[PDB]
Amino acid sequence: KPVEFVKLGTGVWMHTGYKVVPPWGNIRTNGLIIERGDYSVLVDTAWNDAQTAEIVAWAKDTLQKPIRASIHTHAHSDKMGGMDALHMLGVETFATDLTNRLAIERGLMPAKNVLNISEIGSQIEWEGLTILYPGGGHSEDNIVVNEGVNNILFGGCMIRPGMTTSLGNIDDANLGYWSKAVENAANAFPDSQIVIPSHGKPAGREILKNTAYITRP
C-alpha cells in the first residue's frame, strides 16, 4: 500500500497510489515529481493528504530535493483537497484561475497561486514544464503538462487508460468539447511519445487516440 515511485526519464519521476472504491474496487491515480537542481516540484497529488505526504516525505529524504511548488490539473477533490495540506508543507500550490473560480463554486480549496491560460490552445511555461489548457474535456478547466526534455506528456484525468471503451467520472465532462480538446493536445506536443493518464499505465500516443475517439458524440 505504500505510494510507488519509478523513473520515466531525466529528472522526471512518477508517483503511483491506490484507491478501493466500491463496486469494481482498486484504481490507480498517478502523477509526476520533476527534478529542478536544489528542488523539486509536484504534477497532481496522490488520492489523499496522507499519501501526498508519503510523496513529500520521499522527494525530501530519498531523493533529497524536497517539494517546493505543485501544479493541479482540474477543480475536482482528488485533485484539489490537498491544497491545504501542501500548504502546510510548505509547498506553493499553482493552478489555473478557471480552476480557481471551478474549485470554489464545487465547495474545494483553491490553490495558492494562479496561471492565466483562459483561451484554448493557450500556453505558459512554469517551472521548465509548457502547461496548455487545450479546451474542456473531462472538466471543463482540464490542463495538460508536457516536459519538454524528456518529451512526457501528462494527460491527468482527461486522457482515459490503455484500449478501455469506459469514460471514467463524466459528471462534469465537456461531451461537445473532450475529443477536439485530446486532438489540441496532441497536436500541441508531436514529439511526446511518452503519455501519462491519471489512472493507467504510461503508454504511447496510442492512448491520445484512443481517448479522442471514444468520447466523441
Contents of the next structure:
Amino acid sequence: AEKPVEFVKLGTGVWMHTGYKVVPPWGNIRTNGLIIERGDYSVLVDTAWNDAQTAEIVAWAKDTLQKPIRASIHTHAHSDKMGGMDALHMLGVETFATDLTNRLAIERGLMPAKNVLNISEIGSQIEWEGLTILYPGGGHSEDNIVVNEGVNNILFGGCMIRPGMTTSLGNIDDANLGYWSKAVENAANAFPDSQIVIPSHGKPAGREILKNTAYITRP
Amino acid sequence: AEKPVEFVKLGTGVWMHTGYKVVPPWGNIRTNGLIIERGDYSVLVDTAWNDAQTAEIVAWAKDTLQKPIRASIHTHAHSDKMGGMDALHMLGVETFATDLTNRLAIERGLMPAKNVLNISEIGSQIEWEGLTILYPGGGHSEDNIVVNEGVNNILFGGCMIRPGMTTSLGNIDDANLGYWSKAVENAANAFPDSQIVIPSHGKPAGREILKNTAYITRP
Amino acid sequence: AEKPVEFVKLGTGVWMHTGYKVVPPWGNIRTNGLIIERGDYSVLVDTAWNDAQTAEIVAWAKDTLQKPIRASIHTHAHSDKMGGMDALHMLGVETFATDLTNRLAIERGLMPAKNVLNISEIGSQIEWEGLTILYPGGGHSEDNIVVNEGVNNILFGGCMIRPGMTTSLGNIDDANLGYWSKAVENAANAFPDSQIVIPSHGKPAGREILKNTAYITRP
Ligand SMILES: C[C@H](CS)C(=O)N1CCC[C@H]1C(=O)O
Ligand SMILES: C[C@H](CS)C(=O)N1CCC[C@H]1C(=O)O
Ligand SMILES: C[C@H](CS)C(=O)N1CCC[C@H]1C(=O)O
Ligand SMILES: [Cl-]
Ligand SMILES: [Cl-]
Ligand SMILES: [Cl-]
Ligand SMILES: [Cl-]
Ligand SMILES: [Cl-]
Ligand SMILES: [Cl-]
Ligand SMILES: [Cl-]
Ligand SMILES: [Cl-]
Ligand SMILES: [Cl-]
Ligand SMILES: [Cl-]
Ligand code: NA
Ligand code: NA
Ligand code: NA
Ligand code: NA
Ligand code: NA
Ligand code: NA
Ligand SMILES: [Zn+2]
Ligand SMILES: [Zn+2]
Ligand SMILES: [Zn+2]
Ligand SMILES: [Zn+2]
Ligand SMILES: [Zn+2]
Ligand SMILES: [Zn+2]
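Form solved in complex with L-captopril (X8Z), following the form deposited without L-captopril (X8Z):
What follows is the whole complex; the chain from before opens it.
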C-alpha cells in the first residue's frame, strides 16, 4: 500500500514535501521536494511522483500556508521530479526547467516545463525567486541541478545527493559516473554556509551526506 | 445572420455548447462541444468557431455553473474545434491536444494547444480529467480523437461521427476514406456502454449514428 | 542611481509605463510601453527593462486601475521590450509576439512569448484586443511591429520611432537602414488619424516625430 504525502517544516518559510511510490521488489520509496514561501505566494521545488500527489501539495500551500504556488523548478527529467507536471499546469503553476531537462523529459514521455532556465555550462548559476540555482555538472543525471535557499541556508541536492550512510548509488543507468563526485564537490564549494542538506530519497541531514555521496560515487 | 451560442444539458454535470457560422452557399452550420463539471471547476471539449463564441462559453461555465473552465481538449485541427484557442489562452484555460493535432494546427494558421496528449498509435487511450480519450485511427481527419464520459456514458464523436441519417460526408479534403469506417468501429467497440453519441454538426443522438456513419463512409 | 518607474495617462483607458536603466557612459535611459484598459481587465504593450520594473507595472494595473493585466504584446526582441518576460509569465500574463520576435529573443537569451502573432509579411495587420497590430517592415529591427489604439487614436511606435528632434538613430547594429524610412511611412499611412505618437525612448509627441524619424533615417 502506497504511503500518503507528508509535509515537514525545515526552516522559516521552507517546507519539505514527500510522496511515496511502491516499486517492486523493495516496496515504498520516498521522494522529497520543497515549498518555499515568497511573501503572499510560494514556489515549488519538484513535483512528487504523480499528478494526484502533486495536486495535494498545491492544495496544501493554498489552504494551509495561504500562499498559493505560483511557479516551480524541476531538478532533473525523472518521474519523481516531473511526474506531476500535468497537475501543475492545470493548477496554474508556471513551471521552469533547463532546456536539457525539457528535452530529456519529452524523450521519456514526461511533460516539459513551460519556461527555460538558461544554465547549461558547468558551474553556471542563476537567481530565481530568491533561490540560487546551480548546474554542478553531470552526476546522478547529466541534467541534474541543485537549489540553495540562502536565508535558512538549506541546500536541496535532489537525487544527486544519496541518503544517509548508504553505499548504494540508486539507478545509475544514465548517471555520469566519471563526474558525479566532482559535481558534489562543486555544489559543496558553491554553498559552504548550508548546514541542512536535502536528498530526494532519504531524510534531511547535514553536510556529512555531501561528503559521503562524494566518497561512494568517487572514481 | 449568424445564430447565437446555445447550452443544453446532456447528463449530470455534462453540457453541450453549440456555436454557429454562416458558410455560403448553405448558410448557418452548427458545431458542438462539451463542458464537463469536475468538482469546483470544469473542463472543456473543443472551442466553438471563434474567440467571441468561445469566450461566451468560458463565461457561462464561470457564471452559471460556478465551475470555471480550468483546462480543455481539442479533437482535431479544424477551426470549429480550435478556432477559439486565443480566447482560451487569454482566459487562463490550460489547453491539450495531440502532437499531430498541434502540428496540423500550426500549418493551418490555427493556434496549437499548450500541452501534448501522448496518444499517437491507433487504439491508444489515456485518462484525462475523468474522461477516456481514444485515438481510433484516421477518419474525418488523420488526427481525430474521441472522448468518452463514463459516468453518464456519453461518447463525444466530434466530426468523425456524421449527423442523423445523412449520406453526406462533409468536407473530406483531408479525410482518411480508407480507414474511417474502421475508426468508427474502433470507437464503438471501445465504449460499448455509451448510448448518447454527440456529433459536431448535428443533434445529439444514440448509437444509430455510429452505425450510420460507419455505413456511409465504408469502402 | 536608477530612476523609478512612472505611470502617465495618455487617453481614456490608455496609460504609459516608463522604466529606467543606467547605461554607461550616458546614464539613465527611459523605455516606454502601454497599459490599455479592456472592460474588467487590461492588456500590456511591452515589458520594462527587467522583472522588478515589470512586476511593478502589473501590480499597478491590479491595484490602481482595478483591471489586472491579462495579456501582453511585445514590439521587438530587445531587453527594453522583453526584459521582464519571466515576471509576466509568473504573474499569469498571457504573452504574444511574432514568430520572428520569439526566434530572435531565444537567440539573445531573452524569454520568448507564449503565443505567436501571425503577421510576417510587410504590411500585414491583425486585430488584437481592440488594437491594430501592424508589421511595417524592418526598421529599428527586422522584427519591429507597431500598435495602434483607435479609440483615442494613439500610435505606439516603440523603438522604430526616434524621440523629439534628435538626429541620432540609437543602436543600429541590427537595424534595416535601407527600409526604415519606408517602414515609418508605412505606419504613418496605415494610421492617419493618430495624432498621439509614442516612442520608446523619449516623450509622447505628435506626428512630427514620425516625419522627423523618416527624415533622419532616410537614404
Ligand atoms: C525513478 C527514480 C528517479 S531518480 C529512480 O531511478 N529511483 C527510484 C528511487 C531511487 C531510484 C532507484 O532506482 O533507486
Ligand atoms: C470547417 C469544418 C471542419 S470539420 C468543415 O469542414 N465543415 C463545416 C461544417 C461541416 C464541414 C463541411 O464542410 O460540411
Ligand atoms: C537596449 C536598447 C534596445 S532598443 C538599445 O539598443 N538602446 C538603449 C536605449 C536606446 C538604444 C540605444 O543604444 O541608444
Ligand atoms: Cl495521479
Ligand atoms: Cl523516470
Ligand atoms: Cl536517510
Ligand atoms: Cl471572434
Ligand atoms: Cl478549418
Ligand atoms: Cl505555455
Ligand atoms: Cl441531426
Ligand atoms: Cl529584476
Ligand atoms: Cl537587448
Ligand atoms: Cl523626447
Ligand atoms: Na503526471
Ligand atoms: Na545565507
Ligand atoms: Na481565434
Ligand atoms: Na459507465
Ligand atoms: Na527578466
Ligand atoms: Na479612431
Ligand atoms: Zn533521477
Ligand atoms: Zn530520484
Ligand atoms: Zn474537421
Ligand atoms: Zn467539424
Ligand atoms: Zn530595440
Ligand atoms: Zn529600445
